[PDB]
Amino acid sequence: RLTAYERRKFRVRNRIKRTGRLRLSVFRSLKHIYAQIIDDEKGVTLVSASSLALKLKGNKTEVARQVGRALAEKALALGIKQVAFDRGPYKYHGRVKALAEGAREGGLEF
Amino acid sequence: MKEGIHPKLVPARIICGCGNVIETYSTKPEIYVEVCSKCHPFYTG
Amino acid sequence: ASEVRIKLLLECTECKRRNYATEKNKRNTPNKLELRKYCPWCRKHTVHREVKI
Amino acid sequence: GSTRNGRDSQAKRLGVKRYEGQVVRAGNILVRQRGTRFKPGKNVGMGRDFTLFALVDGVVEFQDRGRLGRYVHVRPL
Amino acid sequence: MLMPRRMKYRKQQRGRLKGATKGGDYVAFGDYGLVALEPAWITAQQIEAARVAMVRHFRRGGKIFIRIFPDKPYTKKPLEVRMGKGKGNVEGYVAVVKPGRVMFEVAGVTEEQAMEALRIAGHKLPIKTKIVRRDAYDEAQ
Amino acid sequence: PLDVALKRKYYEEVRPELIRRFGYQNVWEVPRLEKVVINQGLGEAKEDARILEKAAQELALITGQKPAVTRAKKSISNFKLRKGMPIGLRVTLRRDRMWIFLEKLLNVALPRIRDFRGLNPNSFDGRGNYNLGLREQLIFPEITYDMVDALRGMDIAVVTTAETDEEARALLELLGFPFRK
RNA sequence: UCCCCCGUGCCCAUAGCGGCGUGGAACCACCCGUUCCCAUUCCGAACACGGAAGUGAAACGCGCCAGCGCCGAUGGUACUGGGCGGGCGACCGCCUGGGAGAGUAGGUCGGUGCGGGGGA
RNA sequence: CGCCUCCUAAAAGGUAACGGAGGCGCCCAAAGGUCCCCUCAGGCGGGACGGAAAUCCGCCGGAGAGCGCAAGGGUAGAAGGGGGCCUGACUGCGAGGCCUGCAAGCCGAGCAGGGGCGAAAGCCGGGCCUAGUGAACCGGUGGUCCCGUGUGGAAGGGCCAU
RNA sequence: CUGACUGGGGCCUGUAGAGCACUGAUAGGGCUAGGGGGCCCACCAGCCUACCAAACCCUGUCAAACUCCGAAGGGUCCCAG
Ligand SMILES: [Mg+2]
Ligand SMILES: [Mg+2]
Ligand SMILES: [Mg+2]
Ligand SMILES: [Mg+2]
Ligand SMILES: [Mg+2]
Ligand SMILES: [Mg+2]
Ligand SMILES: [Mg+2]
Ligand SMILES: [Mg+2]
Ligand SMILES: [Mg+2]
Ligand SMILES: [Mg+2]
Ligand SMILES: [Mg+2]
Ligand SMILES: [Mg+2]
Ligand SMILES: [Mg+2]
Ligand SMILES: [Mg+2]
Ligand SMILES: [Mg+2]
Ligand SMILES: [Mg+2]
Ligand SMILES: [Mg+2]
Ligand SMILES: [Mg+2]
Ligand SMILES: [Mg+2]
Ligand SMILES: [Mg+2]
Ligand SMILES: [Mg+2]
Ligand SMILES: [Mg+2]
Ligand SMILES: [Mg+2]
Ligand SMILES: [Mg+2]
Ligand SMILES: [Mg+2]
Ligand SMILES: [Mg+2]
Ligand SMILES: [Mg+2]
Ligand SMILES: [Mg+2]
Ligand SMILES: [Mg+2]
Ligand SMILES: [Mg+2]
Ligand SMILES: [Mg+2]
Ligand SMILES: [Mg+2]
Ligand SMILES: [Mg+2]
Ligand SMILES: [Mg+2]
Ligand SMILES: [Mg+2]
Ligand SMILES: [Mg+2]
Ligand SMILES: [Mg+2]
Ligand SMILES: [Mg+2]
Ligand SMILES: [Mg+2]
Ligand SMILES: [Mg+2]
Ligand SMILES: [Mg+2]
Ligand SMILES: [Mg+2]
Ligand SMILES: [Mg+2]
Ligand SMILES: [Mg+2]
Ligand SMILES: [Mg+2]
Ligand SMILES: [Mg+2]
Ligand SMILES: [Mg+2]
Ligand SMILES: [Mg+2]
Ligand SMILES: [Mg+2]
Ligand SMILES: [Mg+2]
Ligand SMILES: [Mg+2]
Ligand SMILES: [Mg+2]
Ligand SMILES: [Mg+2]
Ligand SMILES: [Mg+2]
Ligand SMILES: [Mg+2]
Ligand SMILES: [Mg+2]
Ligand SMILES: [Mg+2]
Ligand SMILES: [Mg+2]
Ligand SMILES: [Mg+2]
Ligand SMILES: [Mg+2]
Ligand SMILES: [Mg+2]
Ligand SMILES: [Mg+2]
Ligand SMILES: [Mg+2]
Ligand SMILES: [Mg+2]
Ligand SMILES: [Mg+2]
Ligand SMILES: [Mg+2]
Ligand SMILES: [Mg+2]
Ligand SMILES: [Mg+2]
Ligand SMILES: [Mg+2]
Ligand SMILES: [Mg+2]
Ligand SMILES: [Mg+2]
Ligand SMILES: [Mg+2]
Ligand SMILES: [Mg+2]
Ligand SMILES: [Mg+2]
Ligand SMILES: [Mg+2]
Ligand SMILES: [Mg+2]
Ligand SMILES: [Mg+2]
Ligand SMILES: [Mg+2]
Ligand SMILES: [Mg+2]
Ligand SMILES: [Mg+2]
Ligand SMILES: [Mg+2]
Ligand SMILES: [Mg+2]
Ligand SMILES: [Mg+2]
Ligand SMILES: [Mg+2]
Ligand SMILES: [Mg+2]
Ligand SMILES: [Mg+2]
Ligand SMILES: [Mg+2]
Ligand SMILES: [Mg+2]
Ligand SMILES: [Mg+2]
Ligand SMILES: [Mg+2]
Ligand SMILES: [Zn+2]
Ligand SMILES: [Zn+2]
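Residue numbers (the UniProt record's numbering), protein chains in the order written: chain A, 3 to 112; chain B, 1 to 45; chain C, 2 to 54; chain D, 8 to 84; chain E, 1 to 141; chain F, 2 to 182.
Treat the hints as calculated values from the structure; they're not laboratory data.
Be careful, since some hints might not be right.
[To be verified] Heads up, incomplete: computed chain F residues facing chain B, CB under 8 Å, no partners named:
(1) 5
(2) 61
(3) 62
(4) 65
(5) 101
(6) 107
(7) 108
(8) 112
(9) 113
[What the hints assert, rightly or not] DMTMM-like mimics (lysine to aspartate or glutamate), calculated; alpha carbons at most 20 Å apart, straight line:
(10) D/49 x A/43
(11) B/38 x F/116
(12) B/38 x F/174
(13) C/25 x C/51
(14) E/87 x D/15
(15) E/87 x E/71
(16) C/53 x C/24
(17) B/2 x F/54
(18) D/46 x A/43
(19) D/46 x A/42
(20) B/28 x F/97
(21) E/98 x E/48
(22) E/63 x E/135
(23) F/75 x F/45
Think of the CB as a built atom: it goes at the ideal place given N, C-alpha and C, for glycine as much as any other residue.
Could you put the whole structure together from the sequences, leaning on the hints where they help?
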């Protein structure tokens, strides 16, 4: 027995799995935000960034932009350019849109 | 709620026939009812 | 097909020529079908008309 | 004294054309199937009639994942 | 008699009576058992005789059990017509019995009548049979 | 959230008595009211009167919200019914309008019941919840004899966090449910 | 390089159901609220957003419980590739190769690959 | 009497009988492409009329639901249900394979023009798939502007799509 | 040297056989919607079923078109003969 949470996240991940681009894992909690880009073909998490580790304070909507600049800056140091953005099971809007804008404005081509 | 298509609620005074003042929030503020629990035979013993 | 489900020609409106032919149900769609389609004679997209085949 | 039976269609040659280890090419049909008995893996596609086919040059691969089913892959070289 | 009031399809193919019995080789119901020793097709009319003619031995009392069922229809073309033109017509439903299958079981009667009642039933079959007491080998399963 | 009589009376009157009697070990351990769904089972709206909105706006004024559409599951013979036919309505009741509808129901609706003999204590859901239904909407305060066009009732189902039907029974009786047995 | 949590994969129940017991400093969850962005074929339930007073009750995490479920040997047999005898036949045997299904013992209340922040 | 589905049909693919069973010659302007969202049948308790069963809640509930239509295969981790914008039910092509006696029918990534949608990744050459079909010959319709019996037209053909 | 044939590994299978978890079929039993029959009433119910029986439970059997299982074979690719 599963739930709509599983049935939703499994779908938005199954679609991204087939494309081949780098997949950005987005897990969201109440307090903080978490982001990581993973190559599932070889099955290993390459790099990750989170607001809990980045010690961010206030509104999550503007908090996502900074962590997007952080993860995008690390990926820019490694040489990563293109990426596919997974929105997770949650509705793509607001905080996830501003983190996605963190990776877009960070320089990644998507 | 859905704004525009739903009945909006405001402070409503509902006065029954027994005199018990009902402070609530209904579609109509000023409401008059005929019989309530304060004057109900089965409710009162 | 049928007498109701009829095939017809699609006439590009700006080149005066017909480029396609498809199906529609005249009981469910008695209106004249006007739908975008490509026209090599115009070398660009154009809205197409319903004309009798 | 008639037979209202006696009607049939012709078979469609359903099965695995290239087994695991065979030499395949881009466009060579891998498995002819109805529905999803086999599901595509790496470098394997699916047609409208559910037929599978390889995309690159490589080796055929059959890997059964249990509840996910049997999967076909291609190994480049 | 014993026949399905509802089936999925009308006729069933013949098959082959090879091999020993699938199951039912062990006495399962009664104090004594009647087991057929040869493979053949048995008809629910012959089995009907095995029931009626056996209650006619006790004339009252006892309890007779049934271990088989005629789940296989039997067909035959009309007489004086040629081959072809579809398969034959069903005149009755027959039962499939394999060697070693415990066909019947009797309980609620003495040893003498358990052998004597199943004897006539043994003579009502085209195939030979044997009466075996419910034995220690049976209830082990 | 606008404070109301039943809301205050639960925490200040119902909660302490439950805490005394059953002795709960946590604040979330105590029974909490989850949701109150309402199902208007018109049905006959499939027939001659195809639209039941005349009865829907009734619930819009009673609960303060417009009930949703409920379409038939599949084609059904004897009811002269087909798949996807709106023979009923449903509206879910929550944070504040639930307490409002509770005060209106208990204080006005339940009194107006014709020849009211009491409640049935055996209609519990078994998991600590309760469901019921009403016959004539004129019983409610928001409905008078003026604008009622036809006779229609409802089916009010409630959900609770309580586990035992005994705890649920003490909850209802402590909130003012007049059981007859 | 060791321990507790939370992301992400693998094998695809030895991993599930079910109950016993427990986890809040960190952390997650429910929770606090709905002006605001967003939102319900009605409902801030969900969906979404701003917060931090309360709480491990529920859920989740982690322990136990073989009740059910799951996986299940060995030994023999069914059956059979291939080589033979018999029976008037419906069919039956032995020689060599393979070898079940079920069923009986018994096993499992998971193991595992990387990334984070905490602890020795 | 052509076509599709299941069995015989002897676990690759293929296999006949005037053999055992059923269906097609339609239908779709959304039932299509994209994007977002949803999760059954059935069983257990309650509930106007109200019903074995209309409609909702709770608790149990990996598919027995529903996928136009027979049947099989498949499928809730959708392909299945609620709405939005849409025309790729594309043009010019096409690596190679399937099928295979021929003719034929099936699959198809991908490159270019021009386009839909998503934030993006991407996805769209109609439909969950297999039946819902007709080869040459003849003429029409619309376009193309290739031919024009000296010649310039024209007749009539050609090409294209139909 | 690629051929028939066979050896070693890999992949495909749903029949022999077996099995009832699915579609059907089943004898008996438990349990129990429900009718029929006898009592008990038109004014309503309570009562009993040496009774045909839904579902579910126990035991035991059926299948070309049934398959939770399942070979030997056969198939086909890759080295050597
Ligand atoms: Mg016609
Ligand atoms: Mg017609
Ligand atoms: Mg006509
Ligand atoms: Mg005509
Ligand atoms: Mg004749
Ligand atoms: Mg017929
Ligand atoms: Mg034919
Ligand atoms: Mg053919
Ligand atoms: Mg080849
Ligand atoms: Mg492998
Ligand atoms: Mg393996
Ligand atoms: Mg397994
Ligand atoms: Mg046979
Ligand atoms: Mg047989
Ligand atoms: Mg046995
Ligand atoms: Mg005759
Ligand atoms: Mg004659
Ligand atoms: Mg004795
Ligand atoms: Mg003696
Ligand atoms: Mg003795
Ligand atoms: Mg036993
Ligand atoms: Mg009428
Ligand atoms: Mg009508
Ligand atoms: Mg209708
Ligand atoms: Mg270290
Ligand atoms: Mg150290
Ligand atoms: Mg984890
Ligand atoms: Mg599982
Ligand atoms: Mg677990
Ligand atoms: Mg228990
Ligand atoms: Mg104890
Ligand atoms: Mg205890
Ligand atoms: Mg402290
Ligand atoms: Mg809820
Ligand atoms: Mg939430
Ligand atoms: Mg504020
Ligand atoms: Mg430990
Ligand atoms: Mg115990
Ligand atoms: Mg051999
Ligand atoms: Mg010899
Ligand atoms: Mg000799
Ligand atoms: Mg011989
Ligand atoms: Mg001889
Ligand atoms: Mg002979
Ligand atoms: Mg012998
Ligand atoms: Mg050999
Ligand atoms: Mg566990
Ligand atoms: Mg657990
Ligand atoms: Mg440290
Ligand atoms: Mg320590
Ligand atoms: Mg013929
Ligand atoms: Mg033909
Ligand atoms: Mg075959
Ligand atoms: Mg051939
Ligand atoms: Mg051949
Ligand atoms: Mg012939
Ligand atoms: Mg027909
Ligand atoms: Mg129940
Ligand atoms: Mg009636
Ligand atoms: Mg399942
Ligand atoms: Mg599952
Ligand atoms: Mg399945
Ligand atoms: Mg069932
Ligand atoms: Mg169907
Ligand atoms: Mg299936
Ligand atoms: Mg062209
Ligand atoms: Mg090339
Ligand atoms: Mg070739
Ligand atoms: Mg062909
Ligand atoms: Mg050839
Ligand atoms: Mg012309
Ligand atoms: Mg001119
Ligand atoms: Mg001309
Ligand atoms: Mg012409
Ligand atoms: Mg060689
Ligand atoms: Mg040859
Ligand atoms: Mg050969
Ligand atoms: Mg070997
Ligand atoms: Mg098959
Ligand atoms: Mg068989
Ligand atoms: Mg069983
Ligand atoms: Mg099936
Ligand atoms: Mg009774
Ligand atoms: Mg009784
Ligand atoms: Mg009886
Ligand atoms: Mg059982
Ligand atoms: Mg096994
Ligand atoms: Mg060959
Ligand atoms: Mg070949
Ligand atoms: Mg080679
Ligand atoms: Zn009053
Ligand atoms: Zn044009």
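Checking against the hints above, which ones are violated? none
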